[PDB]
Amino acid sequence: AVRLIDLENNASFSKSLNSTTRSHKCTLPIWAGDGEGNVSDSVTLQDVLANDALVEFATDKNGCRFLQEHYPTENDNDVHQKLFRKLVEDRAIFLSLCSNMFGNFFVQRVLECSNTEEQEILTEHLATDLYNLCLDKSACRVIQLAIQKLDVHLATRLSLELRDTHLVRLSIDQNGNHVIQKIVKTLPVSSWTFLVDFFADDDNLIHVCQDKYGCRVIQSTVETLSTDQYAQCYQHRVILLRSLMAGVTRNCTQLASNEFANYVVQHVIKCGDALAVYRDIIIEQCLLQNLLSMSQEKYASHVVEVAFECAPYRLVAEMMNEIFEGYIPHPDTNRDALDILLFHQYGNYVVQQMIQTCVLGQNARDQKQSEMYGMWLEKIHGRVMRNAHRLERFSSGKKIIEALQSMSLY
C-alpha cells in the first residue's frame, strides 16, 4: 500500500509537570502518590510510560521499589523494552540514575535481567565516565554488578577504561577499591594487567599499600596472581607476580611496621607455595637484624610472630640465634633480647610463638632439627625459671609457664 511515516509527538511539558510533588523530600509525581509518599494502586507501568516519569519514579524510594518489583524479567516483553529504551535514550539521564541514592537499585535490576544486546548499550554508556562512576558511592555498586554480570569481553572493554588514570586515588578511595578488587577477583588477568604494571612503581605501591583500603587491593591482587599454583605449563602470572612482589620485597621493612601493610606481609609469609620464595626474601632482608625492635612494635610483632610460625628450619635457626646471641647486652641492666621480650607487652606474644614452633618442631623427622628445637626450648625455660617469681603475676607469664609444662626436651 501507501507508505505512512509516523513521527512521534513533541511533548516538552512532561518534566515540568512531573516536577510537582507533595513532599519537598520525595520526587514521586503528585499524580501517582496516595498522599502518604506511597504509590497509588491505580498506577501501572503503562502510566509511567505514558507520562514519561521513569526518572521521577527512580529518584524516589517507593517509586523505585515499584519499578524494581514490576519490571518484567523477560527480554521479549513489550513493557520491558519500552522501559529499557526510556532508560537508555539519553546518556546523561542514565548516568544521573546510576549516581542516584535510589535509582542505582533500578539500574542494577535491569542488569540482572539483561541480554548481550542490552549489555552492549549499557557498557557503551558506562565507559564514557567509568572513573567518576567508580568514585561515586552509588554508581560503584552498578559498576561491580556489571563486572560480575556482563559478558567477559564487555567487562574487559569496560575495565580497560581505567588504564592511564589516577589509580592511586581510585585504589585508596572508600568506594573505588571494591571496584578494583571486583575486577581482580572476577575478570581474567588479561583484563587488568595494567594494574600490575602500575603497582610495579615503588612510590605507587607504598602509597596504595599503606592505606586502610589499598592494602586490601594489593592483597587481592597477590591472592589472584598466586592462587594459579600449578595447572600452568608456562608462566605469565609468575612474571606479573614477580613484578609486583619485587616492590614488596624492596620496601618490606617499612610495610611490615605499618598499621595496614603488616597484613599483606603476613599474607605473603603465611601463604607458602607460590609465595614461599618471596617469604624467604622478606625474612632475610627485613626481619633479620631487626627482630628485637620489630617484636616491640604494635604492628610488626604480628609479622615476627607469623614469621616464626611459618619459616623453614634454615631461617628459624638464624632467627633463634639472633634472639639468643645476636645482641649486645644493655650497658646499665645487662638485659639481653630474650629478657626484654619476656616482660614486654608486645614481645611476650613473640616468645609464646618461639615456644610453640620449638614444640611443634620436636616432632620433626630429622634428629638434628629435633635436638636444636629442644636446645632452644631449654634456653627459654631456664630464663623463665630465673624470672618466674615476677612472671607468675602476669597473664602472659601464666601462659608462658603453662606452655613449658611437663616437657621432654630429648
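Residue numbers count along the first chain shown, from 1. Superpose the two forms; the largest set of C-alphas matching within 1.5 Å is the rigid core. Compared with the form deposited in another entry:
- With the rigid core aligned between the two forms, the listed residues 315, 167, 83, 275 include just one Cα displaced by at least 2 Å, namely that of 275.
- Annotation for residue 194: C-alpha shift under 2 angstroms between the two forms, rigid core superposed.
- After superposing the rigid core, the Cα of residue 232 is displaced by 2 Å or more between the two forms.
- In the core-superposed comparison between the two forms, residue 297 has its Cα shifted by less than 2 Å.
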The other form holds:
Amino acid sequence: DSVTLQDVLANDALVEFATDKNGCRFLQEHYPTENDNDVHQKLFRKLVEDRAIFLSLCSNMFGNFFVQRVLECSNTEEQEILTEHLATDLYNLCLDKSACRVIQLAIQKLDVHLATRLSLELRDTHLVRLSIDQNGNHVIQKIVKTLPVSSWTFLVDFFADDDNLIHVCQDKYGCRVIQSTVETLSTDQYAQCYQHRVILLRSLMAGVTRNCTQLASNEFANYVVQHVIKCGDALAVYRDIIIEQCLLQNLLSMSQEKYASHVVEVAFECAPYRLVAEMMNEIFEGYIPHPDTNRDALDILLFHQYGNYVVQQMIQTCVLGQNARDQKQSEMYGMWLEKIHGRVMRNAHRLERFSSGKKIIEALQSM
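The block above covers the form deposited in one PDB entry; next, return the form deposited in another entry.
FYI, this one's just the chain on its own, none of its partners or other molecules.
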C-alpha cells in the first residue's frame, strides 16, 4: 500500500513502524530493491538522517530486520553512509543481541573495503571481552570467515599474547573464535598473499603449541589442540612438538581425564607411524606408577571410565595399521594388538561387568 508508505515518509513515522513487528514486516516487503526508486531513496534517507535514531533501530528487536533489508539492497553510496554510522559505536553494537546481527550481515554485504574499515575499529579495544561475549563471538567469527586475512591481522597479533590466547581459548564462546581463526588461517586462501597468511598461521600455531598442556586439559580448549594435531603437512612441526614435548610425557595421566583423553584419542587416530610407535612405547615401556600392581599403562587404562576409550582407539589404530604396506610397521601394529587382546582375555570376567569392557571384548571378537 502506497498510502502507508507516504504516511511513513511525509509524517516521519518510520520509528513507529520499524519498532513494531507487523509494521517492520511491512517495511521489509515494501522497500524497493532498486536504488533509483523514489520510495527506496526517501525511506533510506529517513533511516540514516539521524545517527542516534539509526543506531537505536539497529538495537531494536524488530528494527534490526529493517536495517538488514536496507543492507541487502544497498549500493556503494548507501553503504558508505551506513558504515560511517556503524563505526561511531561499533564495539557496543557487537555486544547487543539485535545489533550484532546487523554487524554480521554488514560484514557479509558491505564492500570489502568498507567492511574492513569497520573491523579495524575493533583494533585497540577489549578483544578478550568481545571474543568471549555471547553475541560478540559471532561477530569475530564472521569477520574471520568472510574478510581476507589482511583485514584482521590485529586479531592474530592480539592472540599472539599467551595471556589473551589462554583466556579466550578456555571459554565456551572464545574457543569457537580461536578454532574458526585456525580453520581460516590453515586453509589455502589462494587469491590472497601466501606468505602473509603463513606468518599469521605460524604465530597462532606456536601460541597453541607453547601452551598445549594447559589447553589440552581444558573443557573447551581441548578442541583447538585436537584440530592442530590433525593439520599435518606444513603444520606437522606443531603436531610433532605437541605429541613429543607434551603427550609422550603425560599420556597415562591425560587418558584418565574427561577432556584430555579426547586429545590422546585423536593423536592415536591421526599421528603418523613414528609418533604412534613412541606413544605405544610409553604405554608399554614408560613410567608406570605402582609397578608391583601395574604391569604397564594398560593395567590402569582398561578399567578406567575415560581410559577405556583410549584403549578402544588404540585397538582401532592397530587394526587399521595391520594393513600398512611396510611389513615392519604392520608387524608392530599386530604385536600391540595381540598384547591388548591378551590383557583383555586375562581380565575378561571383570571387564564383562561393565559397558566399557563389553565394547572392548566385542571389538576384539569382531576379528
